[PDB]
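Take these sequences, add in the hints, and give me the full structure.
This is what each chain is made of:
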Amino acid sequence: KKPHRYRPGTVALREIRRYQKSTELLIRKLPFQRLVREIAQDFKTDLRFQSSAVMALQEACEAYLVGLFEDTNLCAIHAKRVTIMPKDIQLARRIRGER
Amino acid sequence: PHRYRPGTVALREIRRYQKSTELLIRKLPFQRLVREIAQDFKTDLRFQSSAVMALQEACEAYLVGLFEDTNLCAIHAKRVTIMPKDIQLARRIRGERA
Amino acid sequence: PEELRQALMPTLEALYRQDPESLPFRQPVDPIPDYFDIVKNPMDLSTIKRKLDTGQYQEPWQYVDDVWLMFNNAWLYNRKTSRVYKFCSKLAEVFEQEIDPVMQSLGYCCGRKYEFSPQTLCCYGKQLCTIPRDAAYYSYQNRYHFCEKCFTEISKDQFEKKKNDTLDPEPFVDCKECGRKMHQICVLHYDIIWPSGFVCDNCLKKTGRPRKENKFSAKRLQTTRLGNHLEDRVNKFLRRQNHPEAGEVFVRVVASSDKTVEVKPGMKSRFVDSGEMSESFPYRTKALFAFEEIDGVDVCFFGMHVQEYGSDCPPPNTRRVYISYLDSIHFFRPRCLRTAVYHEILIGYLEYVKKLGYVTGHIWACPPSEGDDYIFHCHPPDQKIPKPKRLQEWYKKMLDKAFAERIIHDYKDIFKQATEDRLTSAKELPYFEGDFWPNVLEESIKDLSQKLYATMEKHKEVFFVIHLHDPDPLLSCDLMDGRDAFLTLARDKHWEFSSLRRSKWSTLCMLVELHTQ
Amino acid sequence: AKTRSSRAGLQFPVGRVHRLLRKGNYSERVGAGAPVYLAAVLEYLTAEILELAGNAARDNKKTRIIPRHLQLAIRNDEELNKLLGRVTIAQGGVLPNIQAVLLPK
Amino acid sequence: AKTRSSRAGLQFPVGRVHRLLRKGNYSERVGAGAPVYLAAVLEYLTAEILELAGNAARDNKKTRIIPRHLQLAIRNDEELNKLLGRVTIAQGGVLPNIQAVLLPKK
Amino acid sequence: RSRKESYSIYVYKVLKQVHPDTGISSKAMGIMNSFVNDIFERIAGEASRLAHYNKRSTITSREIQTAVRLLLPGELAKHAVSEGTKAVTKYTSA
Amino acid sequence: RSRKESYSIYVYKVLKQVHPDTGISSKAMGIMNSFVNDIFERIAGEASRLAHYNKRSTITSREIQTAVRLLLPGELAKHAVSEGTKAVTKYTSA
Amino acid sequence: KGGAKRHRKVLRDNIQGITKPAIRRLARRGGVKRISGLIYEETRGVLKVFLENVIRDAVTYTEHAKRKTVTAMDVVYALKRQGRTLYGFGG
Amino acid sequence: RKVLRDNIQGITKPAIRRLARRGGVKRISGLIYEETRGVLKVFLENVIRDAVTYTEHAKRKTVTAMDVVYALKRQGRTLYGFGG
DNA sequence: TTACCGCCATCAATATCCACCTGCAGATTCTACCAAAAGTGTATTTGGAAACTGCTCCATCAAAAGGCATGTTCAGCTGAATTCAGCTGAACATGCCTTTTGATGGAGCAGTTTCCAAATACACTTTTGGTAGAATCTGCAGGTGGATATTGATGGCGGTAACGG
DNA sequence: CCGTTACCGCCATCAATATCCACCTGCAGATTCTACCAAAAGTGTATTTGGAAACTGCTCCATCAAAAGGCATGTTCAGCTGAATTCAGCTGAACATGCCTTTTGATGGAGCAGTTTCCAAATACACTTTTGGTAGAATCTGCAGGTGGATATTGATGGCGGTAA
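Chains as they are written, first to last, in this note's numbering: chain A, 8 to 106; chain B, 80 to 177; chain C, 918 to 1434; chain D, 11 to 115; chain E, 33 to 138; chain F, 157 to 250; chain G, 157 to 250; chain H, 2 to 92; chain I, 546 to 629.
These are computed hints drawn from the structure, not numbers from a lab.
Among the hints, erroneous ones may be present.
Cβ-Cβ distance ranges computed for the label pairs, FRET-style [to be verified]:
hint, chain 1, residue 1, chain 2, residue 2, range
1, E, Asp-91, G, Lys-242, 26 to 36 Å
2, H, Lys-10, C, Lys-1136, 35 to 45 Å
3, H, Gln-83, F, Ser-213, 52 to 62 Å
4, I, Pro-559, G, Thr-245, 55 to 65 Å
5, B, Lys-98, I, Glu-590, 24 to 34 Å
6, A, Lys-51, F, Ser-213, 53 to 63 Å
7, C, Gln-944, G, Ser-238, 39 to 49 Å
8, F, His-208, I, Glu-590, 21 to 31 Å
9, C, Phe-1320, H, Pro-22, 45 to 55 Å
10, C, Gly-1213, B, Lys-98, 56 to 66 Å
11, H, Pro-22, I, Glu-590, 56 to 66 Å
12, H, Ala-5, C, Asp-1085, 35 to 45 Å
13, C, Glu-1322, I, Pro-559, 50 to 60 Å
Once the Cα atoms are required to be at most 25 Å apart in a straight line, the calculated BS3-like pairs of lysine-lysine come out as [unchecked claim]:
hint, chain 1, residue 1, chain 2, residue 2
14, A, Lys-94, H, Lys-6
15, H, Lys-69, G, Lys-234
16, C, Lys-1306, A, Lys-8
17, D, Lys-92, I, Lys-586
18, A, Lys-36, H, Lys-69
19, C, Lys-1272, C, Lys-1306
20, C, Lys-1304, C, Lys-1272
21, H, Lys-6, C, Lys-1003
From the derived model, a few chain B residues whose C-beta atoms are all more than 12 Å from chain I [said to hold, decoys possible]:
hint, residue
22, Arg-82
23, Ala-137
24, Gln-167
The beta carbon of each residue, even a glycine, is placed where N, CA and C say it ideally should be.
Pasting the structure below:
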């Protein structure tokens, strides 16, 4: 009988506030560790990793992704939009000059 | 009277100034601006000609890069005319502002 | 064996190439002690590979049947949420994408093991009772079906106890020249149309003989003024849109019969026995359909059932039209203009009935129930049935577009119609056959005015009343004299509309049946 | 008799800074007052960031400085943010900031 | 009477690289082969950039290398452009580049 | 088990000068130590660059002042210069 | 006048090796001098940082090789390391 | 079903290991309100690229120290040399 | 010496147009130029001060191209052809 | 039967390419010089190769649990279609002031000599910060009880309006 | 004709929810105290030296003159580009459903580090030779700059074609 349903954006904004007021890691430890191990395998075989090294890599990746995401949000807003699209990511990385 | 449509002469200038490397900012006004800024920071300063030339070349390179970034930003916004919001966004993403 | 191995090896390798989708299926399943209790024929990719290498296949249909039986076993034993089911689904998609060119190189039009989808099981016990999936039932002659609840509520030992999961494989036809076995639906071969036998497309191309013209097309059906007007309007709109994929659309009226609707006993006693309102209302019911020529094949995609109460009908039904049933198939090309073509068809029908002198049109915006078909049997699983609010919005767009063209005067909900007309008795409400209101009146009868007012205020959004201000001869068609006959014949002959090929086959069959009447 | 840090009125180790400058291969020779100046600058910067982090913790109803407090302190001051604009603080998070367009109504 | 630069078969001065490494205050000690290695790397990079500059000058019907040719060479090679992505070449200009949208849209 | 040099107990002392009743976590203290190390590296590198540019083989307080002026922002650089000058004056008169 | 060292003659010799009939302007010569000087400074600084990280007080061919690998991308790095290995082998072979 | 449910299921290639909610949360921390469906994998690729920008350099450090274990200090060096200096892992 | 003022107007409208043409801009709004000038001013304030910090550090009263090169290198705007 | 927008065709106005030819600042060729490096040849010192080995901690594997992956429904985000005010590009007339070539006084950059306060290299004595183990203290992470804006939705009311008897 | 009911819009407010906060309480983590000692750190003495001052040679930095033509400055018209408005396909947001993958804890040995030996390899430094800067004069030479004309580029001029009333 008409179950309660938040409008699109209210839960999104609540998640914005929750994840901007918190500092915990967002990417799960095991998949990121597996990805890092595979990447190291692509460069040098039979490598070992410290827990602190993996934590530092995860923190740096999360911070870089957060910065990229906020840049893409600004880019999408510049185009009179609120949804980021891969062209926003491409323009943000171009202005950053990574490629 | 013969008249070209808007954009044709603009594209001609684009090609001409992308094919050449001559200085685009006049020597004396830029030197006067440099001297004014210097005396604003420190009075009784003297400047080598090579120093002014290097400063102007660096300024021109930074400006052409920033104008390219502004043009990409404007193109992203489905526009062909650059607006100060485009250059502000380019500087903000570059980290020069925020 | 070498030819079959060479043809079929790339598809099996492509299935193997899927990582990790193929990993669980690369070896026979080794028990999960209950695996053998469910899967009676456990089979795997290595089994195909060894059978193909040994030349155990006389012809590729056995190979594809083994592949699909493997997929069925994996889908049956594994639950939907299991990732093994996802692996099997990905393997099935890859096989579907890869198999067709290999068969077309071997001379076959397709490879996929086509099996008829489970039809709607209309239980012969309680009315409007259906048998859902995985629900047990009792069958007689594969024609009379009863659910367990109705069967228990009722010799009973002779009725076979079955489950609503019987997938009937599609039949096969032999080409007279090459001898290859082809799906009857895929090649659209019908013995009535082509008594000389079936010849495959490859044999026709190799021998240079063109395919014989179909003499039972929708174009060759009997034409009517309403159908001609609808066809002309649709074609003119399509030409104005100038879409390259917009093919010619044929509209034909197939049924036109005079009937009478009778007053139910309660309302008859309350208003007819006193002489205040007529005991019956005559009307003319018409059934027409829309056909599109896709790839040179007629496809039936849109048809209505309507009731026309003429000027001779006693009030309040005098000079009225009422939409009793309508149905549509989403395979119309292009998909963007499908809705607009339906719009043009409905607008043309309304314009025709206005020209005939009719005054008010009535539409009930209630979508079909889950698992129920109005006209076209076995709707495709991807065809999302619109919810009542969506259907009401669609009809609102209907009426706005119609009013923009000055064809209609105005449109309202039935509650606004009654309030503005100041109706005081239930006898003034229109009485249509199978309409929702006649049932509500009898239920309320079993004081009446206020109850009708309350129910009308509750259900106004579903009913649309349209203010507007017969040269077509009667057509006797027992098959189209209602929706029950066509739905029964399609169920008895597996004339499904669940896919484009099946829709084409069903359209060809119903065209042949109409022409043979 | 007296440590160089005490003689210069500083808490940071002047001798350790001088030793690190010697071992850092920055120059052939190192002046006497250079380690004192560098230690004073480092101590001033540490005092500034520590007091900012303490203020942030007090505003957050907390008495222990955590990386979140350090991030809040370093980001909310424009000069401190500019100094570490290319620096990521581990477990520090980001400032609460919601775009105007994304706001409802 | 053999120079260490000719001993390694390089044109760049090994002795000058060694002296600059000692003067630059990079470490307390420097190995014997480090200046040879660094001179070889510098010579290879100079050879690559000069080859590309000469090719660019030839494409422009020019036999004298100018900063414009150097910019054309450095910006047309992905690896070299990445090497000097934060470097400005005086009197070099920019590559001719017009976006598709900037072109006429008749 | 070699000792790992760190500014820890010094910075904590500075904390006691600015917030006697406020503590610091281990992760936050590592952040602080990394900050001080990075600033030390930057200032020393800029001083070395200035010494090399002027053909000077000795790094003095003037080089450190120039480095902190070049690196630190306006009021931060001004206050750092004032603190360094005060410390040098105190050390000289000590 | 104090002499100002430059890589002019070496760049000219390399150009003659790669393009016998192609000249180079004075401004382009300055561009190349700044280019080689910047690469020298970058490689030397990377090697110095590498030596400091491993508590190493000597810059050998291995640190220079690793610095070149860190700085030059892909094919440039591979060719540079090949040329450096060949050069050090030839130098130690006499 | 049978077979195994551990160490034999192997799937989710490394780049796909980052779950869709992980990218969603990362965007939420970046303050983005709406996400396109094509962002996730694209972001993954960008994240993918970032690692060859860092880990390889760290590997270049690890090979230089004659070590077979990647340390956090090498990660700090690789991040610093790329202009992404990180604090807290210098112990 | 004369106290120069209002020299930012020397960065003239056709000059900004030419700079944008080199940058690939076909159409320029009227509010770019002045804004661009300000950005240029900021850029000057970013670099020349550092050069002054170099010039003051060398006990010199003349700004050389070498100090400008040092400032650009330390600001991440490395330039070639003027020494260093 | 008249203006109005399209299209493929020619045509006029105009910028571009380009080959050619001349004067010259800049590029390349020698002569001589020469002090700054480069290299060879002993003496001294030491970073580190090499072997053996204790101690970390990292990969591997068990269960417990806090999460993630799919399908459904739909409000609202987005992009195409339309229209239009007005902004800036193209053209042009007028004239402004930047550039070039020239010369000149001198403030100021830099080379050379002298030489001393300051940095360095030990050698010795003193403090002291890093580490290990015991035991006390506590900030705060959740867990439980209200409970509070808060926002979707149910609903009531005022203003517009829309058509009917 | 003005009157009831639907629609747009406002908004006043029962009700489910996440969360700020009022309070708590146990524990991982931070804080306090005693002891040890190699590691730095501070002080003393002789030595070495980088750069301060003192004077001056000298390069180029600043300044004033004059011409005039390359562009700067201002104005006008409209081409068409940026901006505002509608709306409909539809892609993502919110959510219930199901399960499974991740997280936490315990346990062998692959190598991270500590000790010892000793040698190929690195400094320290006094000559001797080669060689990279480089003042100066002379010849060579690629391309700056102007001319002329064949060559694309642009735009809308002649007219042909529906067409729409």
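Structure-based check of all given hints:
1. E:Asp-91 / G:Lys-242: 26 to 36 Å: Holds, at about 31 Å.
2. H:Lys-10 / C:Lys-1136: 35 to 45 Å: Given a distance of about 57 Å, which is not inside 35 to 45 Å, the answer is violated.
3. H:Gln-83 / F:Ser-213: 52 to 62 Å: 32 Å, violated
4. I:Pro-559 / G:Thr-245: 55 to 65 Å: Once the Cβ atoms are compared, 59 Å apart, the range 55 to 65 Å for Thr-245 (chain G) and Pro-559 (chain I) holds.
5. B:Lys-98 / I:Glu-590: 24 to 34 Å: At 33 Å between Cβs, range holds.
6. A:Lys-51 / F:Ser-213: 53 to 63 Å: The hint (53 to 63 Å, Cβ to Cβ) is violated, given that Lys-51 (chain A) and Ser-213 (chain F) are roughly 41 Å apart.
7. C:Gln-944 / G:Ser-238: 39 to 49 Å: 48 Å, holds
8. F:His-208 / I:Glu-590: 21 to 31 Å: 26 Å, holds
9. C:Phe-1320 / H:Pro-22: 45 to 55 Å: 48 Å, holds
10. C:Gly-1213 / B:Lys-98: 56 to 66 Å: 57 Å, holds
11. H:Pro-22 / I:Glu-590: 56 to 66 Å: 46 Å, violated
12. H:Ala-5 / C:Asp-1085: 35 to 45 Å: 38 Å, holds
13. C:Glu-1322 / I:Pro-559: 50 to 60 Å: 58 Å, holds
14. A:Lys-94 / H:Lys-6: 40 Å, violated
15. H:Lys-69 / G:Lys-234: Roughly 23 Å separates the two Cα atoms, so the pair holds.
16. C:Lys-1306 / A:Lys-8: Roughly 16 Å between the alpha carbons, so the hint for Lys-1306 (chain C) and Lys-8 (chain A) holds.
17. D:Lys-92 / I:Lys-586: 19 Å, holds
18. A:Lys-36 / H:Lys-69: 22 Å, holds
19. C:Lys-1272 / C:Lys-1306: 31 Å, violated
20. C:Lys-1304 / C:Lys-1272: Outside the cut-off at roughly 33 Å; violated.
21. H:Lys-6 / C:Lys-1003: Answer holds: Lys-6 (chain H) to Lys-1003 (chain C) is near 15 Å, not above 25 Å.
22. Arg-82: 17 Å, holds
23. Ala-137: At roughly 5 Å from the nearest Cβ of chain I, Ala-137 (chain B) sits no farther out than 12 Å, so the non-interface label is violated.
24. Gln-167: Check fails; 8 Å does not lie beyond 12 Å.
Against the hints set out earlier in the document, violations occur for numbers 2, 3, 6, 11, 14, 19, 20, 23, 24.
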